[PDB]
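A protein chain is absent from this complex, but the other protein chains hold their places.
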Amino acid sequence: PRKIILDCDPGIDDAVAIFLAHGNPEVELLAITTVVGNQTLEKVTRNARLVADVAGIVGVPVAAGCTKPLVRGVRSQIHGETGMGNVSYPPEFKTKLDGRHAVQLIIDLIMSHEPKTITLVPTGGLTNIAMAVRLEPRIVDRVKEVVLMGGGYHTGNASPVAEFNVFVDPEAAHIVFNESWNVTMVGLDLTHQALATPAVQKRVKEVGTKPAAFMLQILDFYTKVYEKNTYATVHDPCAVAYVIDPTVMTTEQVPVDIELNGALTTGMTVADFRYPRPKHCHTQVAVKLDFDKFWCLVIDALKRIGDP
Amino acid sequence: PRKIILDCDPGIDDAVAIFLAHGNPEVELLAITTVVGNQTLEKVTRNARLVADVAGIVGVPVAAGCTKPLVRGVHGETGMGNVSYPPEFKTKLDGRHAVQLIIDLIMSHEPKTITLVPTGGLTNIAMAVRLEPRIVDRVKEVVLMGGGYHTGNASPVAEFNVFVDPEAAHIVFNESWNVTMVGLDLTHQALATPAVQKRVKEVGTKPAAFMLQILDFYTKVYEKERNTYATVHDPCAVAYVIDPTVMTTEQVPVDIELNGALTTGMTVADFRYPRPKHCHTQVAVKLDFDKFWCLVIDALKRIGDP
Amino acid sequence: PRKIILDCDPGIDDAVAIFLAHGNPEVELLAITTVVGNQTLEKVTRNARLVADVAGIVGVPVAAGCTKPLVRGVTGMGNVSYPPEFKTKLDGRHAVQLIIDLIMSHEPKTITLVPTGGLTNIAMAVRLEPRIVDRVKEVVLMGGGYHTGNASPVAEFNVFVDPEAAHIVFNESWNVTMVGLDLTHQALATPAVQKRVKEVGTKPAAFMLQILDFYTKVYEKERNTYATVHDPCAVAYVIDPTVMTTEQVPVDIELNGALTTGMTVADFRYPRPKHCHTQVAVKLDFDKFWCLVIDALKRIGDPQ
Partner (left out) sequence: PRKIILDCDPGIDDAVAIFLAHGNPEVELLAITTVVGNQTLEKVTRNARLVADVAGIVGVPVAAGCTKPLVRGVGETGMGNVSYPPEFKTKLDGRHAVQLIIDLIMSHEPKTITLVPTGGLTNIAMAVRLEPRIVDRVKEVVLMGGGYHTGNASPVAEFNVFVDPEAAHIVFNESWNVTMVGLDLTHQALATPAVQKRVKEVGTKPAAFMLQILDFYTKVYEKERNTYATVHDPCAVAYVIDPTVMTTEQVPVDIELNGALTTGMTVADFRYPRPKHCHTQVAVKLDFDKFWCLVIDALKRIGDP
């Protein structure tokens, strides 16, 4: 399997990504690390433990990371005051909180495993990844690659041109996108295609298990968020899906940089589609989703998880 | 006919726009005004007089405008694209600065009858707006070639006409008048394919040969910027004035980035929903390719050999 | 006398500048041109005509200029009332065109531009007729502040209200003297100065005292100091350059910064450049400055 670290801020779609990464046999979750986002670090960390309980994830450290973006002030109409819809939390989690800061855990894991065996899969702001890069620069060449859900070369949500994960910590994104490692940006241009349509939702329900139920409950809290004018798009699992099977989406190799200064455009992932296209480029952007293959991967992972 | 003022920086694109405006029966050129860009004001004013000579354009003042952008600073070519200048131009230069000519024409003509058609940097337009604010409500509308909501050429995200004077663009886009942005998203479709160039060649007149010669010169000069055939840009704005069904448009808020490290000069269009009901700006989307080239070839035919 | 064009946004301190320019014989006022500032162009143009009425200024065109800054967004004078009709007529020309016309029609190097408001008219004139730049003698402006701000921690009002226009002016090749806040915060209207103004005993003196009393109330309330009169300092420099010290240093205008937009950035590092077209005013000769102001009020007297 491909070993991954899932760095996230759950978050309903982060939860679906955790389910996909756990249930699919082609990826091995080495850790779930959390970062401040559009819920406080405390809240998304509680949510990550909740998702890990529901999916019965054992043997995988869950470590809390950065409580604040690098430079920007902290930034919930999407995922709830909870971060996880209207779900009931247990009195007690089975999933313990690792004692390490996520940044130290990411470093420890990368430095102890063989080179080029871990893929980083960030699906929140990039603060933890950037901190780890600056605290231990040797991780950059040791990582296999980075596949992040974030950005948008021609679509914004947080602003006309910026996507939330980059927008909440542009400086951290700038750090991640300007290191020499290979980066795949699974941005809004891709993830707006990952539609949780009624048909897809019925297939989710036909699994008939506690995680499928949890998922559709949080997902129609999400669906009523996205109605108020599309179906819920489930962004973050798209990044995990690419690690499972890169043919699930097309990509294009182009330069991508992060705007830090502009009054209208801070947080933009500026992708250069001009000619000539670079024949060697460490960044690529995702373009077209294979919708059927993607939803097949998500439903297969739910079936595999069963009822822990 | 639609009266227009063509503010430009020829430029092969601007030359084709001038031919289209002059040849097409539905446009009345009131002036050709020139502006600095990546070429100097003096060079493009010489080019504009060459274009006017070749098309036989009489009775239309040609006026030189701003020599520098508002705030920003800033080979082997005989004449324009290896077409020599005559020893002296037949077309004279109007004595007035383009900024003053634009004001004078707008204020002296009845209201809501003149369309401004900028196809270079927006410096003259912005100067005229700040010097005589009454022109804004008096102008029918503005149809400019420039910008790009998901495209760039000067940078990954900015187009030349906006990039060379972002401040002037910010002025033009933030006035209350109706603005149609015919950006690179649209003009990338106006490809001068081999079949199109054969039809141009078959017009068989000196302006057609002039257009093809200069287009070829610039197709070779800028070969490294393309993955397909040469395109023409600026005439698309004139075409929109002639027949607005030549392209589709979407009403959307558009603003100009002025202080981005990577994005200065970007036309930032907000496509998010909900889209505002009343937008004074719209962006051009899809070109009617056959109709566009039919208009261009028709204008050349009608110009004939002056 | 040195011919000047006084470009202003009255404004009590602009009023004092107009009085100084009119009353002192070393300067010849060719025009008073107005520009939008903190008050609208219409309002400061009414104020300029009022000030011209009060001082009996005749033969000097008063021309209204730009209604808006280049790019940025935006019961007579203090408590004096306007007359029902001004004696001073509003010129028909836009200030930008009047500035161009005067410069092009006079011999080269005979006119000094004295801006004491936002620089919008000056910048427009520069871009519309670039020949004025080499033709102007120099520019002496009240604006900016190399180590002092008021509109922000680091920006002065006149530059802050139109940074792009200031950038245009400071980056042309003509000679620029920046009389900024570092200098003008010294031009204090102390009780002794106000008593000497009172004792001139003319209607223009009493006008200046009334509006500067309106000004002292707001400077005590908002800055915890006596009233400073900024704009006449720039006129004073044209009258007599020994009224203040200057230092020749590069100066540029910040346009982008989140904290520093509008700042006049002066480079005091060594080595200094041998050829520098900008200089900044530093130390005011207080007694000489206020002497010049009082002498001009006495010369105007109670005018025709």
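Labels A, B and C are assigned to the chains in the order they are written; within every chain, residues are numbered from 1.
Note that a contact is a pair of C-beta atoms (placed from the backbone, for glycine too) under 8 Å apart; a residue touches a chain by one contact, two chains touch by 3 or more.
Of the listed residues C:58, C:192 or C:259, the one in contact with the hidden chain in the full complex is C:259.
Residue-wise, the contact with the chain that is not shown comes from A:175, picked out of A:48, A:175, A:219 or A:298. Of the candidate positions C:25, C:92 or C:153, contact with the unshown chain belongs to C:153.
Listed by residue number, the positions of chain A touching the unshown chain are 66-68, 70-71, 101, 103, 127, 131, 134-137, 171, 174-175, 260-261.
Where chain C meets the omitted chain, the residues involved are 147-150, 153-154, 223-225, 250, 252, 254-261, 263, 265-271.
Assume only the chains that are shown with their structure count from here on.
Each chain gets a centre from the mean of its Cα atoms; for chain A and chain C, those two points are 58 Å apart. Each chain gets one centre point, the mean of its Cα atoms, and the points for chain A and chain B are 44 Å apart.
Centre-to-centre spacing of chain B and chain C amounts to 41 Å, using the average Cα coordinate of each chain. Looking at chain B, residues 258-259 sit in touch with two or more other chains.
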